[PDB]
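Apart from one protein chain that is not included, each protein chain of the complex appears where it belongs.
Read from first to last, the chains carry the letters A and B; within each, the first residue is number 1.
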Amino acid sequence: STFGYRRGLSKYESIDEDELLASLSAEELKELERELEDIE
Amino acid sequence: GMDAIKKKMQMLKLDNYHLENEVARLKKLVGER
Partner (left out) sequence: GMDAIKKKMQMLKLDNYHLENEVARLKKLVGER
């Protein structure tokens, strides 16, 4: 089935959220978690 | 922690997926393929 190419996948399945955050410093991870208040 | 960043990113991707599924519904109801 062709539908498996998108059923259960967003418009942005191009990097894993484990690997996206992987290289940040401890003060960057703090200031990036603070951004979640502005995003909501 | 970084788990909240992962959760909010994956939640925004799920909201985007629900909206793409609603646009896909409405496009099909307009007589598309």
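Structure notes:
Quick note on the criterion: a contact is a pair of C-beta atoms (placed from the backbone, for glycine too) under 8 Å apart; a residue touches a chain by one contact, two chains touch by 3 or more.
Within chain A, the residues in touch with the undisplayed chain are 11-12, 20-21, 23-25, 28-29, 31-32, 35-36, 38-39. Against the chain not displayed here, chain B makes contact via residues 8-9, 12-13, 15-16, 19-20, 22-23, 26-27, 29-30.
In the analysis below, only the chains that are shown with their structure count from here on.
Chain A and chain B have Cα centroids separated by 14 Å.
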